[PDB]
Each structure stands twice: as C-alpha cells, then as structure tokens.
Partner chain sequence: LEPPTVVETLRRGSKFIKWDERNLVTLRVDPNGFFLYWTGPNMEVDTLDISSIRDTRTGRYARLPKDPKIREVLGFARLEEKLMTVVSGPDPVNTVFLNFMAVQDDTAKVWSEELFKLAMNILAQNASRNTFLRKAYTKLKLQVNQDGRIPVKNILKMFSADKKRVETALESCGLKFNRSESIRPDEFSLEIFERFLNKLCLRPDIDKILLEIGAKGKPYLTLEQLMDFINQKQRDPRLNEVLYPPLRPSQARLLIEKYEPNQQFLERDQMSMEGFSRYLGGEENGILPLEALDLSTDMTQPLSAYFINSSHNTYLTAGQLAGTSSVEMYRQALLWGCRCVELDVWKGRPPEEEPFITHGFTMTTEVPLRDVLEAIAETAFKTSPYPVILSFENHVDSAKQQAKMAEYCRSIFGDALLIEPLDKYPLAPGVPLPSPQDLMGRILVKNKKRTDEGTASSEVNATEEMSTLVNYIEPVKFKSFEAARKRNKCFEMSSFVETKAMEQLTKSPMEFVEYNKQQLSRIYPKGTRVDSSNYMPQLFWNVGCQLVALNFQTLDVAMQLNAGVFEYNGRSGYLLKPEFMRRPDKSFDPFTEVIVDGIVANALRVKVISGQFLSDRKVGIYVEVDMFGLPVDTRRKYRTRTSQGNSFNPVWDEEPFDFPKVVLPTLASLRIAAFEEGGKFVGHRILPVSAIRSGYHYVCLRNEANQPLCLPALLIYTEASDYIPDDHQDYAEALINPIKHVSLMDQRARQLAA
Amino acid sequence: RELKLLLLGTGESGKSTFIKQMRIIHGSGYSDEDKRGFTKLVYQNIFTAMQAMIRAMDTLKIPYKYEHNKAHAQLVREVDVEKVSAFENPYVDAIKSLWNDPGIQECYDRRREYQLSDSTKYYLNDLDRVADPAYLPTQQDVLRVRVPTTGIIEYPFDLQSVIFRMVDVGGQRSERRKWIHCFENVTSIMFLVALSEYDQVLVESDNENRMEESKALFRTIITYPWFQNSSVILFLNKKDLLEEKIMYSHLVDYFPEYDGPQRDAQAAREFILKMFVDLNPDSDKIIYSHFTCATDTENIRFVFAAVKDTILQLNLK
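Please output the structure of this chain alone, in the form deposited without its partner chain.
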C-alpha cells in the first residue's frame, strides 16, 4: 500500500530537519507542548555550543579579551547538561559576555578546526529572547535545534492522494551499519549531502574531509545491486551555509580539482553537483539533484512538489 523511502546521508547532513519539514507541511504542525519541550532542547544546544567553543579556545590557547568573563568561562566548564534544567540568570549574562567577546568570536570564525553546530549563530543572534523566561520558540527555532538521531525511525506519512512512508536513519559511521534492515523494499532513495561539509572534517574522524566520506557513501549506495530498480534523488542541502563558506573559504584548498573562479556560489554548487553525479558507475542510471535548504520551508515545499511527482511517475503500481 504505502511506499517505503529512505533518507540517507552522513551525520549532521540534515535528514531529521527534512523529516521535520515534511511533517510540518504534509503532516501535523508542532503543538504548544512540543515547543515547551523544545525549549529545553534549545537550552542544552546553546550550553553544548558554549562548552565546545570554550574547549576549542583552550586547546587552541587563544587569549581572552575580558578577564572577568574568564571566571564565567570556568563556570561554563562546570556546567553539566546531564542534570540539566531551564536557563538561569547567572548564566545568561555570562553567555552574552562571552559571545560579545571578540576573541571567542574570532575562535568561532575559525570554527573549521573543531566540531560545532551550524545553529550557533542563529541562537547567538536570538540571545535574550531565547534565554528569556517567556520562551515561545517559533517553527524556525524548533527546526534549528540539533538532536543526534540514532537507530531506524520509520515515519509514516501520506501525500494528498498517495501514502509514502519515510525512514530516518543516523549518519554517524558507527550507526550506518544498522541500515542493513531498512533496504528490504526501497522504492526510492533520497540522499542528503551538506554543501558546506567541504570545509569541516568528520566528527568520528579528525583527518578525513566530510565531503570525501559523503562521496564514498554515495558511491557505495549507488553500487548496491538491489537498488537498480529504485530511483535516487540527491538533495544538496545547506546551500545557505555554502554561499557564505565559499565567500570565506577557498574550495581549492579542500578539493584542488575545482579550478573554477572563486567566490562564485553557483559555480561551486555546480562543481559539487557534477562531482557527485560522476560517482555513478553506469550512465544509463539517472540521478536527480535539487539544491535546497531544510531550514527554509518554501524550498522544501518546492522541492517536494516535484519529488513526489517524480516518485509517482517512477512507480506506476
């Protein structure tokens, strides 16, 4: 009855964000209790970002500008999110002072040297409103919250006239080996790759570029013999991150083969798309690609409007 889909990609790529977007558009919008729960999630995300960037500053031995905030920094090291609660007054001022500190700002601008959530800037801009006790996060705040998924999570859903069940899976290397069981009757595969992953290395490995791992995984998935009868769609996510990363980072250093002009977001996107589509072994196969940004509802709407039609045309029964 209902067709089975997979959302595949390396960790942090953005699969769960697309699941949230699909639920929001063609499902049930999140309720007040949902946002109340997500407030704590946002709180621990902010705490994790603060701790990670302080640890990065320490490892990189970058001096601080504010001596007083150093005390707060120590307090930051003492905060533990296992026995977590709502944000408290003594922490909001310290976080604001740290974020306003130019030294840690430069450290974050150098974020390529360590792992960090892409939502850090958004929450930092939010500042008091998010940290305000009267926290009423909007759909954007809920979408821009990071919660590492793990294990196979089937998400039943249906279109206006057809039923298409999705499957969200983890992207961490240790977890990918659990996918064996979700390939039983795949009707079409959606693959997510972070356009901005070209600069950051994996989390599980600090020496392998994320883009190389993503390309290897895409090749491995296409090489699967039993997917020959299933369509594949390559969602190029996080274009809004890449349009700034390229402006701030040169794609030549990551992949020198991209000899195109610098600062051209469209050129870099086209180069990445060509590089990924080249990995297919046999040209008779067709690969559909769509630039997108899971954090924007309109882009997901537009992409899905055609993805559903393509899937329906692919499977006539």
Second form
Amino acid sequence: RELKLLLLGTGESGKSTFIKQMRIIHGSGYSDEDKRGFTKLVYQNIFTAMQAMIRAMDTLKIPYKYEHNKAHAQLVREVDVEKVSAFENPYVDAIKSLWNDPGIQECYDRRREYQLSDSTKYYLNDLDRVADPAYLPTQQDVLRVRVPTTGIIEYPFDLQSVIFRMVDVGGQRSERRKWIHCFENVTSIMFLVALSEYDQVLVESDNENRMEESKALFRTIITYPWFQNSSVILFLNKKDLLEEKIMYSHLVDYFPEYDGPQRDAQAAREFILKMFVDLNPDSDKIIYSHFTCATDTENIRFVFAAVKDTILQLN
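Could you output the structure for the form deposited with its partner chain bound, given that the previous block was the form deposited without its partner chain?
Partners and other molecules have been left off, which leaves just the chain.
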C-alpha cells in the first residue's frame, strides 16, 4: 500500500527544498546531468536578488559610497532576468563591484523592508566559484535555488517497505484555492513554518506579518472537520537563519508576550513552538513537532527517519 502525505505551508517556507532532500536521500539523486540542468536558474537568482536590491536603494534613499560603482547600477538594472543564459564579463564585473560597496551592505542589513530571498548571500559570496567558465552547480548550489511553485505536484518515494506520496503545493494567497483538490485521502499534514519570518511582511500584502499568517493558517488547518484522524507533523524550517537574525533584531518588538531574554536562539526556539502548539483546541490529539534545516542533508535524514517511524507506528 501507499500513504499520501501533504506538504502544506505558506509562501517561501521551504516545501520544495524538503522534496529535493527526499530526491537526494530516498530517491534518485542529482547526477552530473541534472546538476547541469540547474545552472541557468542559479544565474537568474543572482540577477533577481541584485535588481531587487538596486531598486531598494531609491525607495530607502541610501546613497552609494563610491561613485565609480554607481555607474554599474544602471547596467544591472536593465538586465531582462528571464532571458539570461550566460554569465559574461561586464555582468560579473558590475555585480562583484556592486557587492563590496558599504552602501549596499547597509541596504542588505535592512532587508526586512523589502522582499529578498534567503539564499542571496550564499550566491554573492561564492561569486568567484559561480562565474568561472567550467561552472558545474554543486549539490549545495542546487538546494539553494528559488523556483516558485504553482499547482499540485505529487511525488512518490519508495522506502523498500512503504511508498510515500508527498504532495507539493503552493503557498501564496492565490494558490490556497487549489489546495482543495488534494485534501482527499490525506494521511499526514507536514506543516512547514519558517522560524526566520518574525519580522518580514508578506509579498502578497506588504502590511501583515508573516509569522502571524502561518500562525493563522495552522489554526485553520487543524480545526477543519475534515482533518479529524490525520496526524499533523509540525516542521519548523530555517533553524540556521534564526541564529543570525536573533543576534541583532529581536522577537519582543514583533511579539509583546515574549518574556524571554534577548539574543537567545534556544529560548526563542521554544517560544515559537509554544506559540504554535497552543493553537490546539483538543488536547487528546497531539502534534509531533520537529525543528529542522532544509538544506542540511543530515538534518533532514535525522528528522525524516523520526517521521517515518511516527507515521508507520500510528498506521
């Protein structure tokens, strides 16, 4: 037999990254041909991150440090991002000059006020490794790409004793109308909450908080009459970005009920788990919680092995 597992969660939360780890751990991994098929999307995420950082300079009114670097800004500002196939010489020379500017690094420090990806520093620090003509994307470079999901895709995975049908859905506000056609015969709901969302606002609505919607989507999901015998497995993604974000920006400003001390990535990790577990009206049904990191293949292999025995014991 097989089981149908849902991967639900809000936008930019790391659902397809959890699928890519299943393709690496419990499936057919990325070979030398499949890694080379991803090299055009790594170039497109370098330009999408930079063009959103260039247009973040005038709306925040931050002047550039060097005037020589400013002449490179209008060159990258007019790159059509979808028609990028190669990474040529004036394109690398402009962005590598644009990354070392102290006025850009002040705009990157204030990246909570616009929409920027979470792998925008992994790419524009290994830019010497990504620009070379013999560029093959390594397996950590493939897990950091950003291709936004639309629709319902069903991935089956063989574990030599049972087959898991992991269903990958979207996360945006226009994509939650399509979640209805995968709610039939659901074994488990793997809810994926990014822990580093507690200061950014939504891309679909630039006023509401990101953590307060994932908190509100978890309240809606487990209070359906439909999911009355389904074991909801709460994943807390992005455990690495919490350790960088908590050291300068706090949790108390965006949540007034945080009594814990500042700069404490372990005590704040419990409080967000205290925030999500407490939204359960029935105490007889319990929620299996797991902190995780979706690009650490050991930290998916350790967690999913604890999930695979949790599903098989209850079923």
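Between two forms, the rigid core is the largest collection of C-alphas that superpose within 1.5 Å. Positions refer to the first chain, counted from 1.
Enquirer: Could the core-superposed CA displacement of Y248 between the two forms be given in angstrom, to one decimal?
Expert: On core superposition, this C-alpha lies 1.5 Å from its counterpart.
Enquirer: Relative to the superposed core, report the C-alpha shift of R110 between the two forms in angstrom.
Expert: Its C-alpha shift, to one decimal, is 0.6 Å.
Enquirer: What does the CA of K83 shift by between the two forms after fitting on the core? Give it in Å to one decimal.
Expert: Its C-alpha moves by 2.2 Å once the cores are overlaid.
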